[PDB]
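Undergrad: Chain residues, written in single-letter form:
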Amino acid sequence: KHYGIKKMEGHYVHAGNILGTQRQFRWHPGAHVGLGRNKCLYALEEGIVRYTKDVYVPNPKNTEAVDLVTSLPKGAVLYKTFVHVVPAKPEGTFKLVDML
Amino acid sequence: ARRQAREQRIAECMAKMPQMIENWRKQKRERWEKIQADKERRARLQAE
Amino acid sequence: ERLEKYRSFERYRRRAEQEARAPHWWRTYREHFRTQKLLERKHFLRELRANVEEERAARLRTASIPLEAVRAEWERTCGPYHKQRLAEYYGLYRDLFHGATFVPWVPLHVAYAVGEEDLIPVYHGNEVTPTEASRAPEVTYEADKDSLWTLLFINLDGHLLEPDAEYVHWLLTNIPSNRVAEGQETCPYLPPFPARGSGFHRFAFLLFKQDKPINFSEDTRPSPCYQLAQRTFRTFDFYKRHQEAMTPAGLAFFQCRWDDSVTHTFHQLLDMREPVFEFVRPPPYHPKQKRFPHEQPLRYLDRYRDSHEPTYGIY
Amino acid sequence: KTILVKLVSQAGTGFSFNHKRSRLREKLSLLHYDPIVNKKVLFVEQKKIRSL
Amino acid sequence: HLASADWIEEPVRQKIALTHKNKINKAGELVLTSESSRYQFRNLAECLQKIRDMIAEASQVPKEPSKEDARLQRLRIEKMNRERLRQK
Amino acid sequence: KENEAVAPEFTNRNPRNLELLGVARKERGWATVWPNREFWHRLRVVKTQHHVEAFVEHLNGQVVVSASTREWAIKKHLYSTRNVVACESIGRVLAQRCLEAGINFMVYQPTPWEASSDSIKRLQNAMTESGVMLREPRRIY
Amino acid sequence: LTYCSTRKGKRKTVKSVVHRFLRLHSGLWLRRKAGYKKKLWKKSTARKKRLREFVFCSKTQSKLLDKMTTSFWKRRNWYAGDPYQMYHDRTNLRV
RNA sequence: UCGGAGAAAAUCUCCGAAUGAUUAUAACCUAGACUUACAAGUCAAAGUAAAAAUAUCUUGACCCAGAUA
Ligand SMILES: [Mg+2]
Ligand SMILES: [Mg+2]
Numbered sequence: 049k050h051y052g053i054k055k056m057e058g059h060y061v062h063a064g065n066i067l068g069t070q071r072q073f074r075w076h077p078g079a080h081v082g083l084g085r086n087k088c089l090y091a092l093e094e095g096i097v098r099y100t101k102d103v104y105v106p107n108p109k110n111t112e113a114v115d116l117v118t119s120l121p122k123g124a125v126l127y128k129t130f131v132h133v134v135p136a137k138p139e140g141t142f143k144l145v146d147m148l
Numbered sequence: 112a113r114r115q116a117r118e119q120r121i122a123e124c125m126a127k128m129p130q131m132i133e134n135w136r137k138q139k140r141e142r143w144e145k146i147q148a149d150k151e152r153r154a155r156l157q158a159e
Numbered sequence: 046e047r048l049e050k051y052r053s054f055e056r057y058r059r060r061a062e063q064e065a066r067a068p069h070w071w072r073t074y075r076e077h078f099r100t101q102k103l104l105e106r107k108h109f110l111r112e113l114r115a116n117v118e119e120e121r122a123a124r125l126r127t128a129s130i131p132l133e134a135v136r137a138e139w140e141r142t143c144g145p146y147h148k149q150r151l152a153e154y155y156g157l158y159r160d161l162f163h164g165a166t167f168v169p170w171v172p173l174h175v176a177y178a179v180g181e182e183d184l185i186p187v188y189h190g191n192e193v194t195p196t197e198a199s200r201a202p203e204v205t206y207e208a209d210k211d212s213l214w215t216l217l218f219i220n221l222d223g224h225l226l227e228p229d230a231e232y233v234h235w236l237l238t239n240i241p242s243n244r245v246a247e248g249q250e251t252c253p254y255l256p257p258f259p260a261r262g263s264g265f266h267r268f269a270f271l272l273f274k275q276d277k278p279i280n281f282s283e284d285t286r287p288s289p290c291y292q293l294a295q296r297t298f299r300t301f302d303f304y305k306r307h308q309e310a311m312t313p314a315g316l317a318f319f320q321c322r323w324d325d326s327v328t329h330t331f332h333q334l335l336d337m338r339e340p341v342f343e344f345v346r347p348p349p350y351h352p353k354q355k356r357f358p359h360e361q362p363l364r365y366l367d368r369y370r371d372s373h374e375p376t377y378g379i380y
Numbered sequence: 014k015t016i017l018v019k020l021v022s023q024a025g026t027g028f029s030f031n032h033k034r035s036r037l038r039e040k041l042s043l044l045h046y047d048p049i050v051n052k053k054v055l056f057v058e059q060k061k062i063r064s065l
Numbered sequence: 105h106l107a108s109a110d111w112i113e114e115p116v117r118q119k120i121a122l123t124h125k126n127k128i129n130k131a132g133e134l135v136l137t138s139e140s141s142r143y144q145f146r147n148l149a150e151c152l153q154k155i156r157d158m159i160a161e162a163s164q165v166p167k168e169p170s171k172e173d174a175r176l177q178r179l180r181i182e183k184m185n186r187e188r189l190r191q192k
Numbered sequence: 039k040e041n042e043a044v045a046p047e048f049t050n051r052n053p054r055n056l057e058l059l060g061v062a063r064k065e066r067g068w069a070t071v072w073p074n075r076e077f078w079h080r081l082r083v084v085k086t087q088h089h090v091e092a093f094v095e096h097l098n099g100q101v102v103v104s105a106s107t108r109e110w111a112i113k114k115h116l117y118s119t120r121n122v123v124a125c126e127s128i129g130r131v132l133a134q135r136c137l138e139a140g141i142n143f144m145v146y147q148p149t150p151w152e153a154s155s156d157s158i159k160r161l162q163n164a165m166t167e168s169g170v171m172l173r174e175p176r177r178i179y
Numbered sequence: 094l095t096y097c098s099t100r101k102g103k104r105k106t107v108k109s110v111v112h113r114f115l116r117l118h119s120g121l122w123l124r125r126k127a128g129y130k131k132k133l134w135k136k137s138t139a140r141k142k143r144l145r146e147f148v149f150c151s152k153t154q155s156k157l158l159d160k161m162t163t164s165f166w167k168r169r170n171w172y173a174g175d176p177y178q179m180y181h182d183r184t185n186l187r188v
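Residue numbers (the entry's author numbering), protein chains in the order written: chain W, 49 to 148; chain q, 112 to 159; chain 6, 46 to 78, 99 to 380; chain 1, 14 to 65; chain p, 105 to 192; chain P, 39 to 179; chain 3, 94 to 188.
Calculated from the structure, these hints are not laboratory results. Among these hints, one or two may not hold up.
If you want the footprint, here are the derived chain W segments under chain 6, 3+ residues with CB under 8 angstroms [unchecked claim]:
no. : segment
1   : 85-91
2   : 96-103
3   : 108-121
4   : 129-138
Note that CB positions come from ideal geometry on N, CA and C, so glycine has one too.
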């Protein structure tokens, strides 16, 4: 219950944090965003939350998605909503340990 | 004595473990064989 | 219904990829994160097509292509354009010349001699150990006669003290034509000295087109120079001084890790203790400690402790 | 309908874990991780715990 | 000073110098440190102990190469590419 | 000694420094989309109607090494732009350039039919012989 | 609660707290999770892991337990080899 | 008592669960979070270990009695 957006766009998120909960795929995992068993979306890197539309391409193996995707109007393609976390720090830095 | 008796029993059981696992792996293989032995190997054979 | 259907995953995939690159009103991931020559080419193609043996090998999937000839052809025909990218990729342009881009033209060649006829070609992005580069390499670029030139070696990333700097391993000046022994040795050759645990330092070999003989007295260095501090150098200032008579025409860069020879360089001639660097990550994030960590496991108290040993205070 | 059984490791350890089987299906046996041995070993049904 | 020190036997000294070159100062002395406790008694203990391990591992031949760690694979794979390119 | 002076913090500017160390970040999301983007480099092989192209591109979208049969030098020695041999030959050329740039570890994401294609298998054979690794190592945390 | 006993005139400990919770000298209380030994066959592996843990109590729960026990249960105990020796004090706590 | 659908979140309109079969047998440990009066309930990077990644689809406390080791 209480499915919704736990973190809104622009917020400084720390790793592991949960961004949104959903019974069905209202949003899809984006960049540096993980997917949970229950389909909740959590931050894989500390950063800033960003929502953006993007084209949807499914795994070749799944029959339902390849069939639906294939049977689309040549002109255009369907889209989806994605959630991304923008990493805000470098992985690490080099420091002087000792002079020998 | 308890530890040695505990250790030795594990060693004997573990020593024979590969053979038993192979057998268990073997059986399930034949079990599945029978599944397709008639699902397609015989049932469809007549459906031709 | 009027429009046809893709009927193939590949056709949809290619269409989707192109659309993402195109700009859009809505936010997207990318925002946040002559004639005679042609006739000659066609004639060769017809000759190759006419050859039955070539067709026979192709239909037998036994044919092969000589990489050696293609490599030479690639360098002459379109190699510089690719060479420009690998310079852009590594950021050479955005570092040496503050974002100015110069297309390389001369197919410059460098190789380090190892004992005997086993030359290590220094291409773009190659990996060369400091040990091999102990001595200066052979440079050949077919300058042709009556062709003044100048050669420069630079490490880009270094200068332990100064971040925005770049040492000059050696600068030959007034190089007349292909031959390089005639260049004025403004700076002797220093062996590569990438500090331990500092990653991959990228070294580049750049050549400028020398219009008129200019004495680089302000650039000459006391030979031998083992006072590393003096090797401080920044291309932009140097090029700006001589930009009138200096225009770059060649590139060649390798990246090298630390090696035992580096210890020799720091001690024997640099005459100083070698620095050691280690990759240090920031400490992990913990929410502010609470007096009552409700519903949190016993591990909670360990997260905020400094010493792993017991203390006894007044006891 | 189904029953709760106790699969016991045949590696000589006393490690056991509970599983479910259908009253009709034959006696069960599975490969499972034994922490004491730190290896996969056969677990064979020895006893019923309850009928669930 | 590794070489000058006579309590260590000469064959061991040569092996130690090669294996643990990174810990040898410009003066030729072998500098090892520890900062793992608030007690200097304990700190010195590992320093002294590490010396003992060095002698033993240098005294005893490590014949086993063991499995190749992913870092060794990366070093080996990248090293192999150098030869191919170096073939000129 | 002025020589001994060293800044406490190093500032290694080499863009490929962390990636070569293996410690740089890779995108780990896109679980519901194909293909995954947890790659430092990617190989995209596109078979056009008459031509076959191969690229190596970073996550940021800048191509590094490009080998295409449209290039003049390859064509003069290449019988037919679209062929199994052409796919095998272009792979060899791409490898040497990739070796030249120092790109030893790469990620290839073929489709099921594309993976089964004999030409793609032959192309990967050439890359394996050259020593270009089609699978990158996992990140270091 | 017994506030004034007939014999000794003191408060009395509620021995249901003493048999369920551990008090750290700093002021915290540890407990188990209800149901951690019940119907383990139908509980998920992640659920069982959460149940096995030792957990802290809230401020109001700790305030209640302090009322229900006497001072003797709040003293500093010097047990040799205690496995909670390091958890009896707070470190780097600004609050 | 809890879950699913509508009204649309206050009372109203409807269906189901006190599981079921499948199975690759699904480990230990540990950042950060969701939910929540309490209690119970969710998701999960990193590390290690097994194997050669995967469990897929659709619920009752404490006490007190047991069972085996
Ligand atoms: Mg609670
Ligand atoms: Mg993990």
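Undergrad: It remains to establish, for every hint, whether it holds in the given structure.
TA: Hint check:
{"no.": "1", "hint": "85-91", "in the structure": "violated (count 0)"}
{"no.": "2", "hint": "96-103", "in the structure": "holds (count 6)"}
{"no.": "3", "hint": "108-121", "in the structure": "holds (count 7)"}
{"no.": "4", "hint": "129-138", "in the structure": "holds (count 4)"}
Against the hints set out earlier in the document, a violation occurs for number 1 only.
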